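Quick setup: one chain, the form solved without N-carbamoyl-L-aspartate, written in structure tokens, and binding and motion questions come after.
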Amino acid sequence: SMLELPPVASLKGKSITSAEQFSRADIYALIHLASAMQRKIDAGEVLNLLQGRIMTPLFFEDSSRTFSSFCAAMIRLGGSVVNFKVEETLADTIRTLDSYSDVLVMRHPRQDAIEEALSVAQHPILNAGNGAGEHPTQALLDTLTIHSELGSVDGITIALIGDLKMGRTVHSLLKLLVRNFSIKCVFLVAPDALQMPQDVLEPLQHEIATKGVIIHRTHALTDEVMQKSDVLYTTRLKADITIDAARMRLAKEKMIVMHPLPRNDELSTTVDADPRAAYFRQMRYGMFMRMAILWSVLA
């Protein structure tokens, strides 16, 4: 194609650990790069941008969808993957990975493992999940999905639904959206015990007030949440937060249902055939955003 693939220069050589490290301009640059990669790959073009570069996982907890998304992205850039399964100190493991790798993709059940990893690593680390902390590449792919499906991120009303306390995806997404866009409204839908934590909401208070972002907490998918949301973004944790075909009769015509996956019965299979079910297409947007990120980091 006549499209080019300029890497996002601000990401060069950088570790990706938080949604906080991206500007609005970084995000759009990554969206447009991901979209151009999508067009080339879908036309059958073979990219050889990262020939001879190695990605290695550091997955102290398992996620085949995550791991495989990253490997596929690296491979479609012409890069290669070396496996390193854990089942020795984290520091020694990291130094070992650094001896042969160009980029590390780390997932860890401890939230602070990223900081320790960063202090010894010589190559960029991409955070693929640090306990209940963040999942910054998921936030970026989630935002690509919103943009590609609805045409706009500014002005949206989004429901964040499920285990908001322990959901690292909703943490990164709220941060990324509120910091960089003019979000109209965020419904935070969860049982009181699993509400969105204060250590996510407080740093955002200034931006929320300045931009006039409306935050409403509920413990249920009310008819209001269903009638006003452009995006229903749901996660694993009962009948009052479930999205099924019956509940979808209240939804706008123009909206999407998203879910980072895996799901349980908070997202019924009765929704899967609805055009508005975006949660499978989300994963494909995932591959392309990850391609954009990797190329930008390693260019």
The other form holds:
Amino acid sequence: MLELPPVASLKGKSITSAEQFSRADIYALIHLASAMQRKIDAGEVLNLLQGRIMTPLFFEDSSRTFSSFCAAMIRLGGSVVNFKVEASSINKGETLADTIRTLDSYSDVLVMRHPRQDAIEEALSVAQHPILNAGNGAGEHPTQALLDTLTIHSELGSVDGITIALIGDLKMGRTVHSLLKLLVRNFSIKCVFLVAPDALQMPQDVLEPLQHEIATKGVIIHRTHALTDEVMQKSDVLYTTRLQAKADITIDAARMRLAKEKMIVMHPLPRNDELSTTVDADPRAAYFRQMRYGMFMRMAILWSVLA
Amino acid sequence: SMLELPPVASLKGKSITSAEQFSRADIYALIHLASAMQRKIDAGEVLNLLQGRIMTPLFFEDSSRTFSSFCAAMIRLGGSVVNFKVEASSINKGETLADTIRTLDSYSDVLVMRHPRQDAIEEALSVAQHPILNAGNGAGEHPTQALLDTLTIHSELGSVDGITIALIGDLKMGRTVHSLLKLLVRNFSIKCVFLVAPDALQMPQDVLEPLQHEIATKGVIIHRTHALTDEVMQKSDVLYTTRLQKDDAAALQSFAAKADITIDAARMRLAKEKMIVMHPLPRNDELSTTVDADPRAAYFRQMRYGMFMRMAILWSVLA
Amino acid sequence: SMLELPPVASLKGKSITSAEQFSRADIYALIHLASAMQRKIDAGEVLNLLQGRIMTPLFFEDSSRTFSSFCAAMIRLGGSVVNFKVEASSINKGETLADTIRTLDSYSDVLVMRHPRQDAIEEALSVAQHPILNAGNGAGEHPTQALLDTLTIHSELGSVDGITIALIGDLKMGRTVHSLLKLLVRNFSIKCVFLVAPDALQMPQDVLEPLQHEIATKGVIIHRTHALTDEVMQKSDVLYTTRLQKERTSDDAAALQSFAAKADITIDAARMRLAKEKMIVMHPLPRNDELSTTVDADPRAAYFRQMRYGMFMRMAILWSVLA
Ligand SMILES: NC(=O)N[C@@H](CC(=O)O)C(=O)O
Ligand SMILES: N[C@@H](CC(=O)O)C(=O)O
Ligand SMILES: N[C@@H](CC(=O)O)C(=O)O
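Alt. form deposited with N-carbamoyl-L-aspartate bound, vs. the form solved without N-carbamoyl-L-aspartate above:
What follows is the whole complex; the chain from before opens it.
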């Protein structure tokens, strides 16, 4: 439509990493996501992907990611074939490759989540249709990064210039890896606080490939093992994560007394006690809204890929 | 069309938690709407009333009828289902009930929840922006079973006022009989209710006491029995029986009474010519297969009514 | 302008339990219809033929191709699927098979049933109002597999009559080879069938005897071996090999042992050097090491294209049953 033009660059293409997107890619998707959101909240009913099929291939469990993918597909008028791993012909000795080839025979796109990092590369090698990396081990989670970025944009108004805190298990947290990559390559970030005990800090295999962009844009990088008052007062985003002593990163109503008036708290979810329920009532808690921005970002993605 | 399938306005955008929330007029509007739903589906007509709306099942215990009929009802309105699991979720990585509700709520137009705890429903409500349809909360209620059950009685017998009905089996833990007693007693002039169970599994006081005014104003007879006596067999228009749901004395009393509360072809010889056997299902041997060929065996038709009655509910909720 | 999708009339309103219930004419008609399904779906066209119709899977043992393929096919006709799970259902409270059939039959227009008991499909039939498609009954039959297997031979080789076909591997428990042998011998002029299997896993007498009349009357040569001889490799137009059906205890052990121990049935690039230029390798799937990944590059490897054929054969089956 004039109203919902797909993002041309994403057509017919798998999504494995946040590295594959340009700054233009992200904003085209953001604006497309906002258009999708306005049409849906009005009660408009899209038939954009009628006759098209997504198949989830989840070798690890998910609540959100599965559900937001499916809902996104459906709200575009597309369909889902409900493949399960536990009740499948994997049990009879079949291999990942043959499994992938199989669902490929029937589908227009695959959404894959897997505990091994290099499993996705293997899926690409045998797949004809697009695969969307919905999480590869401790590797990446690219579409979360995109929707995270939509959230920041939509809530605060700009992504350029922000100071962001990445909190929790940065070592194994695939969300924070895609997010860092996405933000630093495609925006001008003031400062990034990496908040974690040393054991779970942001890995070098993430930081080093970003170093040129970090340096060239003059982005500040500080490591702390705590949510110190400096982190609380300066951050426009507190993005915190699950584990995969804890007092020094927990965010509660009290801690929130030190935050600015114009900032948000975000969490890819699910959460443990790092993010107290005391916070939920605060208009700065955007971690529930995040999931709805998720659905619309995923509509944008699916449409752009399959248009 | 609003001529053919007028939704039931009172149900617009509201959660369904109890049989207590409905009025007589509500139950009748839903009955007539379900029957109209049925006449269309049976004639091959396709409906598109709910294109682009999503129903998410949220089932923490097993189901065959209620899951499936809900999914089928939604599809037959042209709506969609997101097949969310609890066993294949991030509830494994330490996620709580409210967070789970707030999640599915981001995506859905209506939620359908079955949960082993009674209070699990009131907890979900407090955080949900979208209607939740209670598909069973522990041993509490199963309000939409009560509605399809009442649909069954009405379509098969022709009237609900004036009936004698026996509720049979595990009445303690049977959320089906809790909701069905409340809905009939509160909204119809029931002649007699037989409560057929051993003491250990009798109908709970917390169901019966809230009904005392209805019971006295409408003059309903309530008799407890521990057996399907000849009286109960000869006088009942509806025999509605239930599985025994699996502390020590309950097991035993159930063992002591099982043959007395079992319905089989032999027992049906004492039944009226016009009456019905019902069972929300699933069943064990409290209801013999020997009864399945009898015209009064209404427990299979019962399921189909469920789909059509849930079509009426879904459409009225989301109109 | 476009192709018609006439339903195959004789399938209307009927259960599919066995390869035996099909005539040659039904097979070609379904084949042709599946090809027109193919050309429509691959052209991007959106089918709305079975809107408002419901398919319910009633799988009492694992499946990937078959479950997924049926759901896809239903979706691509404009139909819908109620994702009922046997393992997470009221059977875990003692519900019978029949009550479970009657349950889903209450909501569905068609049931796709797979079950480890040979006779369970029979149980199901006796109570279901709506058609049931047998998607696997123990070690019995797998009749939609046979139909797609035949599609795959037709589209790939150009003819089914006149072919020499090897059925290899676990022929005793292999429901797929059971239905396919029956379906080929009763409706086509097969030149020769090689039965490549160790003695313990050979093709059973309860499949071979009912076909005796047909085999003799039509001159169908039948050769048993326990190895992929050079003869078998050199003469065969189709190498349809199969997985050892482990899921199906001391003769049991010797039967498991026999596949690779009294073997020589592995197919790999080395064995393939001996094959015709014009031939195909098929495997209904999943595979184990009987079908090496070294064959996958070979254009003669048809076992992936087979799963695609199968979706289209299945769209054809479902439209014909439900139109
Ligand atoms: N976004 C998700 O779907 N989950 C995250 C967050 C987490 O699981 O901790 C992940 O690690 O994949
Ligand atoms: N399934 C119904 C009745 C039963 O289980 O026997 C319920 O649990 O409400
Ligand atoms: N998948 C096929 C073959 C096999 O399982 O080996 C069947 O179920 O019969």
